[PDB]
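Undergrad: As a plain string of letters, each chain reads:
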Amino acid sequence: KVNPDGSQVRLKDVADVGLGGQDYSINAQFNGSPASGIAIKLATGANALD
Amino acid sequence: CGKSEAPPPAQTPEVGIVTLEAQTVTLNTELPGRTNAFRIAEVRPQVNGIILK
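Chains K and G supply the protein sequences, listed in that same order.
Heads up: the first sequence at position 41 corresponds to 292 in the deposited numbering, and the numbers run straight through without jumps.
Heads up: the second sequence at position 26 corresponds to 26 in the deposited numbering, and the numbers run straight through without jumps.
These are computed hints drawn from the structure, not numbers from a lab.
Honestly, I wouldn't trust all of these hints.
Pulled a few chain G residues facing chain K out of the computed Cβ check, cut under 10 Å [claimed, not checked]:
| id | residue |
| --- | --- |
| 1 | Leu-31 |
| 2 | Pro-32 |
| 3 | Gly-33 |
| 4 | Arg-34 |
Using N, Cα and C, we set each Cβ at its ideal position, and we do this for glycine too.
Use the sequences and the hints to build the structure in full.
TA: Written out as structure tokens, the structure is:
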């Protein structure tokens, strides 16, 4: 909000903005070290090796 | 029968390096505001009556 005498308050003090995660529910570790992955399910009626 | 095509082991040359040193500078702050008159006098009447002129 901005008052007409030049006074103002922005979204800098009342909140802090950070490029964070979208959902913090699930997270993965590989041999203790933090990582991430995507498991793929094969399509119905498709060969595996190719 | 070939025996060629070795990849060039590039040194990654021509890198644009500039070192930096300590330096003192003054800091500034931009602020919003309005200009105002140094002396503004609005004329109010001290009697009652009709303005003739």
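Undergrad: Among all the numbered hints in the text so far, which are the ones the structure does not match?
TA: none
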